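K.L.:
The chain contents come next:
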Amino acid sequence: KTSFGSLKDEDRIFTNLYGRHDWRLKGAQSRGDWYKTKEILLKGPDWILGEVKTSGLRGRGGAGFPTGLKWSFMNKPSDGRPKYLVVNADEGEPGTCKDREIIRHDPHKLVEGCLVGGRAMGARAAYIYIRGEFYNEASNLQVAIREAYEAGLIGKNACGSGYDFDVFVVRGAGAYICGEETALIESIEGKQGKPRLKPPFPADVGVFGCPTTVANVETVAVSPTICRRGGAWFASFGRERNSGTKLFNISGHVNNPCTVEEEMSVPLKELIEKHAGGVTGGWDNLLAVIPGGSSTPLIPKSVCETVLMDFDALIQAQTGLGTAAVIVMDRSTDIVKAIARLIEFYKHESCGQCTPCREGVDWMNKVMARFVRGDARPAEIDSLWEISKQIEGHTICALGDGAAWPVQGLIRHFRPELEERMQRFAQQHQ
Amino acid sequence: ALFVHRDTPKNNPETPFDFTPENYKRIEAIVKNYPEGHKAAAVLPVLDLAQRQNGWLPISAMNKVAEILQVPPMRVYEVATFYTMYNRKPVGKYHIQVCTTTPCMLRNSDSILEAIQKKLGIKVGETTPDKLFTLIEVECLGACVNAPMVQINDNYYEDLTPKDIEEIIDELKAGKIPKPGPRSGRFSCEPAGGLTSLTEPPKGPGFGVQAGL
Amino acid sequence: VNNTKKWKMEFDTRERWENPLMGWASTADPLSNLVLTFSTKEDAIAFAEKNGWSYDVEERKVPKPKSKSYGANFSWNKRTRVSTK
Ligand SMILES: NC(=O)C1=CN([C@@H]2O[C@H](COP(=O)(O)OP(=O)(O)OC[C@H]3O[C@@H](n4cnc5c(N)ncnc54)[C@H](O)[C@@H]3O)[C@@H](O)[C@H]2O)C=CC1
Ligand SMILES: Cc1cc2nc3c(=O)[nH]c(=O)nc-3n(C[C@H](O)[C@H](O)[C@H](O)COP(=O)(O)O)c2cc1C
Ligand code: SF4
Ligand code: FES
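Residue numbers (our numbering), protein chains in the order written: chain E, 1 to 430; chain W, 1 to 213; chain G, 1 to 85.
If you're looking for bench data, these hints aren't it; they were derived computationally from the structure.
Incorrect hints may appear among the rest.
Chain W residues, not near chain G, derived (Cβ > 10 Å throughout) [what the hints assert, rightly or not]: (1) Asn11; (2) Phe19; (3) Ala40; (4) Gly55; (5) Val71; (6) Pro72; (7) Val124; (8) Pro178; (9) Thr199; (10) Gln210.
If you want a taste of the chain E side facing chain W, the calculated C-beta under 7 Å gives, among others [what the hints assert, rightly or not]: (11) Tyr18; (12) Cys97; (13) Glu101; (14) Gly174.
All C-beta atoms in this analysis are idealised placements derived from N, C-alpha and C, irrespective of residue type, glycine included.
The whole structure should be built from the sequences, with the hints applied where relevant.
P.N.:
What follows is the structure in structure tokens.
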């Protein structure tokens, strides 16, 4: 198989993505959720982890770590402490609005994902850290969790398998940093959402000091569909080390900004023209694309022609996959203003813990605010490159990396627009 | 917009604040979601509950939460200054949160911000003189395919125009509550011009179940 | 800790009184500003005995090795959890 995309309605894991069906238990049971969950759980953690490592599922949060290898770090003997699955539902990324749809429209798929994943890792319960802005989604998920308890699907004697597994929803309070896994752990512990240092990875010391796996809502909710359909089926979508389906958020300057599910290596031009109704003005109106949410570097029109929307081809296209949240930008876009407002986001959402992010992200925002007006001289572009390279790799979590990357993408692909902005500032003010 | 407290006549540790008894039942239910010895983990939902009761946090809700959870007051002060929901000044009753990050800015949230400024008669950060509306400018609220959007105290009002947000503010000033969703023809997140996916009915339970399960 | 590498030899401090004209610190001790630097301890001991100076010896105090664990800041059941970070 060399051609990818054109994912059919039968191979969609997230059926009822659109809220067109009943999200409650009577609707979710009619779509495959909570079917043979007892026979999934009775087959031990080892078979579940074998099917997930078979399935090629990587991290749907955005980093793309191999999910089954990650979950096997909890497959270890007990030493007095309990174990927890924690479901990362914060979703603060600009461009990214898909886990909101998973919580709001397929909640029982998330609860069955919590049950199967916590069985895979021996976890006692599940803390689902939802965003505090998602209040309707949180009440929605608590309704579905009450439906799961009252049907006996979770809790005492979960689905009749003799396993005990609670599912909790902890609401956030408006911090983009509390989507990073250790800052999320600290936000569960009643503290400031400041990220911990790695190691300890949460499989050793996580929430409350217990062994812990923090995974995304997407890479938790697709796990019972993997454990039902088999590993190699889900592995037969997308390229190798790019196994499966993915929820894309084609936002920005398109005719139909939408959330859709598609095969993992679908082309970007085909995705925009086939699901979003194309760029506003056709393909000849495209200027740049932020391919996977705000923390990934933009890429211009000459790269977006042939590029594939997965991890490896976007790393070869000097960006990252990330959350697979496509932000489309046309020729009517002040692009330096857009990246400067994105750096303004990354300083208004940055917890101020370590030195390079706390000072350098504010300093990059001031330099970008002068770049928008053009109030600079062309040595400062290379200066800003060196500032971004000093932030990148010197932080505690990847918000410093995810803030240095839009600057590096903007400079790397649009240095001349910065230079002509500055020189027309210099002619009209002197 | 400051991160220290100065004792006003209306904000001090002798400002009256206490929970209703149903809020004490809810606080016990919150604390029961956390392990024994980690009672300090419930600072965030109990302080959020204090905001839901009072509308905002004086420094008596912070001290009451610190008293009932037996944590220091400083550790609740860190939480209430760290997060952008714990309102430490009394906001208006409708708290209009306009998102202005890059996906909402690409679909002209600035026209909506100007429309709210000329419809209410205020600017960013201020409060209307009836104390019903407070307009601030927030970061990404996570509704990016439904950009541009706003949040009014709990509820996302999406796919807006200037006229849609004028209409929503008008039916807020009439004392009612609008419908929390998009204001274009679509319902949640589908393509606006029609369903490019999920057209077929689902297969039902048991589709594609491998042998041995 | 680079100033804790070498042995030093100072002397007992004598009277520093107020100059009547300007209020300066007048002294009558010529050995008041004399600090001698030595690599090891027996070098300083032999140099003090060689010059007939009565001496006392205070041993080099190394900071004892600690056990540091960043994971101890987030324990499950010990008191070494931190209430903030
Ligand atoms: N989904 C969202 O809303 C957002 C996603 N992101 C994504 O997050 C990415 C950054 O991810 P991070 O969490 O900073 O780190 P990431 O590099 O380390 O690691 C991914 C996961 O694997 C685990 N892991 C990694 N190396 C490990 C090792 N040696 N041993 C054990 N476990 C290990 C980590 O605990 C983590 O859960 C960005 O590139 C971006 O794509 C960023 C912002 C928002
Ligand atoms: C600053 C920052 C914010 C993050 N926010 C989220 C988030 O909101 N949701 C999410 O699922 N992952 C987020 N992540 C990625 C997590 O650290 C973690 O990789 C992920 O939640 C779980 O790993 P997974 O990709 O295997 O699911 C964030 C990372 C960083 C550095
Ligand atoms: S780099 Fe920024 S986001 Fe990360 S621990 Fe430091 S202040 Fe926090
Ligand atoms: S950009 Fe406004 S909702 Fe994400």
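K.L.:
Does each hint hold? Answer for all of them.
P.N.:
Status of the hints after comparison with the structure:
1. Interface exclusion of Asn11 (chain W) from chain G stands, the closest Cβ pair being 23 Å apart, more than 10 Å.
2. Every CB of chain G is more than 10 Å from the CB of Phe19 (chain W) (nearest about 23 Å), matching its label as outside the interface.
3. Against chain G, the non-interface label of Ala40 (chain W) is violated: not every CB pair exceeds 10 Å, the least being about 7 Å.
4. Once the 10 Å rule is applied to beta carbons, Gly55 (chain W) is consistent with being away from chain G; the minimum gap is 27 Å.
5. Its beta-carbon lying about 7 Å from the closest one in chain G, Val71 (chain W) breaks the requirement of being farther than 10 Å from that chain.
6. Distance to chain G contradicts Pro72 (chain W) as a non-interface residue, since its nearest Cβ pair spans about 7 Å, not more than 10 Å.
7. The non-interface label for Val124 (chain W) is consistent with chain G: the shortest C-beta to C-beta separation is roughly 31 Å, beyond 10 Å.
8. At roughly 41 Å from the closest C-beta of chain G, the C-beta of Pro178 (chain W) stays outside 10 Å, upholding its exclusion from the interface.
9. Even its closest Cβ contact with chain G, about 49 Å, leaves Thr199 (chain W) beyond 10 Å, as expected for a residue assigned away from the interface.
10. Taking the minimum C-beta to C-beta distance to chain G, about 39 Å, the non-interface status of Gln210 (chain W) holds against the 10 Å cut.
11. Satisfaction of the interface hint for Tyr18 (chain E) is found here, the shortest Cβ-Cβ separation to chain W being roughly 5 Å, below the 7 Å cut-off.
12. Restraint check, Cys97 (chain E) versus chain W: the minimum CB separation of about 4 Å is within 7 Å; hint holds.
13. For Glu101 (chain E), the suggested interface contact is upheld, since its CB lies about 6 Å from the closest CB of chain W, less than 7 Å.
14. The beta carbon of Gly174 (chain E) is positioned within 7 Å of a beta carbon in chain W (closest approach about 4 Å), and the interface hint is therefore held.
Figure legend: structure checked against the earlier numbered hints; hints not met, in rising order: 3, 5, 6.
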